[PDB]
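> Please take these sequences and the hints and turn them into a complete structure.
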Amino acid sequence: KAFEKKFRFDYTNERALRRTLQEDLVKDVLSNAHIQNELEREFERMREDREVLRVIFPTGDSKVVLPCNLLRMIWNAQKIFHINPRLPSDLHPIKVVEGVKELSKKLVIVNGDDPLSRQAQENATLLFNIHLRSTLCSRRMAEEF
Amino acid sequence: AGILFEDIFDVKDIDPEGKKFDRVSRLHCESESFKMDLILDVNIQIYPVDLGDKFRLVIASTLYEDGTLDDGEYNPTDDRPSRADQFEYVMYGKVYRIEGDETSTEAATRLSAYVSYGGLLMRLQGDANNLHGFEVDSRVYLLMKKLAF
Amino acid sequence: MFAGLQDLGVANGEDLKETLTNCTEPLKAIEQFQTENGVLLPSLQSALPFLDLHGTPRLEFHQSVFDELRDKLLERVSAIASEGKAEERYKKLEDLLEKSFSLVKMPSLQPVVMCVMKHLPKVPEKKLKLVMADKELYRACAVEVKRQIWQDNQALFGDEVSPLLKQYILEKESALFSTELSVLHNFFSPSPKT
Amino acid sequence: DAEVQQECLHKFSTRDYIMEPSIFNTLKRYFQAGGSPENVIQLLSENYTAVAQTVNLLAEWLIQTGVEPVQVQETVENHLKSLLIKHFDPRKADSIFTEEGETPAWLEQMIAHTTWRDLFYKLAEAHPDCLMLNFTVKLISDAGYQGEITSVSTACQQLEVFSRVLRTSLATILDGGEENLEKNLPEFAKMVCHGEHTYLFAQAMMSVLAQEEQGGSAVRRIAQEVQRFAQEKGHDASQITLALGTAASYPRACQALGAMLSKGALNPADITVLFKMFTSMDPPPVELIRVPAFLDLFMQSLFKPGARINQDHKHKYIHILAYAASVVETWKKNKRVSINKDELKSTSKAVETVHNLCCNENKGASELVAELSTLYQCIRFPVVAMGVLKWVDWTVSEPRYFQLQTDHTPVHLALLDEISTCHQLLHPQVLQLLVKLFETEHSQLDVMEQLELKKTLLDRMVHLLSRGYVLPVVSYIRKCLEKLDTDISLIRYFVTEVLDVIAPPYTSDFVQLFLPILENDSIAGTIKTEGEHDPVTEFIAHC
Amino acid sequence: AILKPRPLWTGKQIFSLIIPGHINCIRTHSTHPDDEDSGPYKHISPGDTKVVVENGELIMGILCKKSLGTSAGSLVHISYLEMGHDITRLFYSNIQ
Amino acid sequence: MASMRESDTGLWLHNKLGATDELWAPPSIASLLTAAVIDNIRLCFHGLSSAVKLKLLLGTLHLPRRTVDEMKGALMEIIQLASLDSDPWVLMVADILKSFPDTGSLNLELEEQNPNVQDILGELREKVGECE
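Protein chains in written order, with the authors' numbering: chain A, 914 to 1058; chain B, 2 to 150; chain C, 1 to 194; chain D, 40 to 582; chain E, 578 to 673; chain F, 1 to 132.
Rather than coming from a laboratory, the hints here were simulated on the basis of the structure.
Just a few of them, taken from the derived set where beta-carbon distance is under 7 Å, the chain F residues facing chain D:
1) 25
2) 61
3) 104
4) 105
5) 116
6) 120
7) 123
8) 124
9) 131
10) 132
In this text, a Cβ means the ideal position worked out from N, Cα and C, and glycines have one as well.
As structure tokens, this is what we get:
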């Protein structure tokens, strides 16, 4: 229940959208069905990654070692660009989803287009991709960062 | 002008957890008109206070009445008029956190502004109406003066 | 659509037309029919002006009340099928069935009759025979009524079974004559449980 | 008339058009248009349904099968209510009432039930502009059902009726004792404190009556109950009460107490001010600081575990509490005559020792028992004893305390017995604490320790009964036995010990409350044993 | 940090100049009570624990080996990860 | 601190204090009492409804001591002007509050041609005498 309430980014309530997003964006995310489908697919992939994590990590040890400190980079961006985390921002959630998807392409460990190479590359950056998608979520970028 | 907030406070309590530091004292003060709580760290060695004292607290963005918005560097050779001429204790710091009873649907009725004056912390907790000039990562002057009434 | 109402005294559309044909002032008779013979409740009569005022005629909420009372009756009898003394309540359900067998022919109350027949473990034989005479009443009847019907109906039971036997033969001859000539999938390949 | 006839015929085509409320109007229009009614009759032949008659037929079917007719009527009326709320239009109702111009008898049937009257109240609230709603309200008032109309806020806006209600309620309160005050307090307090003006006037008259030193304690208690109820509702008027009193000569004390009660906390500055003035040669009226809320906050500060207080002002706190509790003053005609300060040194030392014992939660209970002599010596004062009981209340209020409590019959219950013995006024508080302990159903310990704790609590409440606090204890036992929240063995042992310790004769109230206790089979079939001294048989025979 | 009655700076204010660039770091002092983070005064520490650095400025907290030592996430570690190695060398020398 | 005219002052008072649901005077009344409003109430007190009068009079006590000290004469004037209203509630409240700005206390006078007060005091006193 906590996972769903923290990573869903419901597009039903309008007051919360006005509080977190500008008016030019709330109507777009409320009327467009494609955006809602993309958001639902994002949440489903997050749930699959959650299942994969619970399979790989028994005993509930959430401490891991990873290359980039995403939270510290988010904090640095907040301090550099003077976010003022009190007013609604200008960031379409579809922009966040597309940015994460295109970023996942560039971070390559195994170089090649072979299906074997594709699978090896997907495995090598699996944990980092899961962490990145769990950090740069559509809801977190609009409710927490 | 640049007066972010002004009110009269009376020292309702001094540091209740005990004197952690000898030269710095914690003060819990209440308001008179807007009824907002204040927590402040003061240099008790140079500006001694005790229980029951009252003072005027005027949080201001700049010390100059014309609001020329100085950069924030120490230039003692400045002959321009300043608010500090009519205040006994002046501190300069930056606001670093703003809290509130914000809900996911409607706004916040109570705010809590946290400011650090180079180590000495102050928390001003009150209704949201009186705290509107506080924007995080901005410079603030303290400008308190004791009252004899 | 409204046959059998005359038996219990509730006038149907046939007698209503036959009466209004030779009546000069239908208004007063209609009023006395809807008020006296209908819902004799002062609360509903006081409600009528408000419902006129909204512009939604008395038709709609009268139909809603009739449907909700029908639903309440069926749900109450469903609870009745498992509460109270078994034999006494079974006889009460039989009494309700013999009262509603006159109204079984009117579809707005036919579901009540079929529901009562379904709830009653053993429908009277004459009612079963009359239901068997009509196709709609037979098909609408639940599995319990079908079980009670089939016990004494040899030809009807055989005729109902026959299409299933024909379907079994058709699928058996489709399996025996199938192009999937594989060892792992033959006529006897599936386990008996499957 | 082609369009009119065509639209009428199309209307007739709808399923069951005959029972329109304008079918009179529609058929009159059709007759005016010259259309012959045989087409209407032929169309309505297949276009009729008994949506009015067969509803009743199903009703008697349900009645015959065994359903209550009253329930069927209630369901029908509730559905009618709902469909009327969803199908109501006021302006056309005003139009038709202007057309009619008479009082509707169908409106009398409309009002005749309570649910429909509530529907009218809701409609009048929703559509205040409409005329028929005001007309129905005035008809309800004339018919005698003005009481069902909203009167909680109407009572506040009326002076004399509210005054008479207050007078009658207080007279009934003083007639029936505290048992009836507990019953009349909710409604009277809600009526008084729902309106601020009513609260102010009521407090004014209570303060004026309490001016008399003869019997003014009851009036002051009434005023305290009213002000406590007002505070529990989020309305703060403590400064108003201070302004009512003689705090004019001591503005500092009034301001300090007003601030302390407004913020609801204990601050060193105002307490230091009060200590300085009261310890001086001209102390203010002590009765001003005798408000129960301030003393309750003070006990929360110095008794509740986890509460931290300034050690450098703890002596001032103790002195203030001692002066408020133990130091006595003489008043004649509201004039200060003399001050008795005898209970100031030993009392303050006892308060300090008890506070140190209570607020030192790191020390075990064994250490507290080790100083039982001093504990009993200090527990003999009313304020100190009540503070001890409060400290025990918060200390045991933690569910984990019973897990850390390793005695079947602990020392806390012995201190409760001492509290019951020491002062008669503290008996309601001991009873409340015992009820809180017993009603606490535990799902985290073994049932055996719960049974032992309940048996010990039964012993404590037997002790409460012995010291004269009989009626509430007996009533609580009767309620528990009739609620089946107590084990039958517990009830049997309790009643056995009660009848073992007590002796005839017995008052009318005691026997009247105890005869139904034996009337329950759970006692008749258990306690009744073959022996020369059978308590149940003896009590039955003696009555 | 204080202008009247006498201009006095603070150790944290001077140390903010030593911290390079705009470094963001959060640590806890060696004597930080655990229950403090539970109740009120979470962001305003009575004991001056909970080291917080924003924009390369020491907002609050007392520095010890937990934040300047050879531990993961220490101030020197964040300096080396964010800034280069020359800047970190200057940081070491300036502190000393 | 603009000079709010009589009709405008009445509109402002019936908008800020028009909450019939709020039979309790809100603490905001402490900030709703200033020099200009009290001065201009001299003409708009006629048009105020009885609930508005009661709310304002009950809120007049929720003031700082320094504010009462610096705003004495205007408050005496408003008390004497409130003592000429049709509702006896306002009359009695102003009569008792006339001593608030002077000493900080409330006057205590009753049974002065107040039939409800007379009946209440008499019956409660006789009942207390019966159950002393």
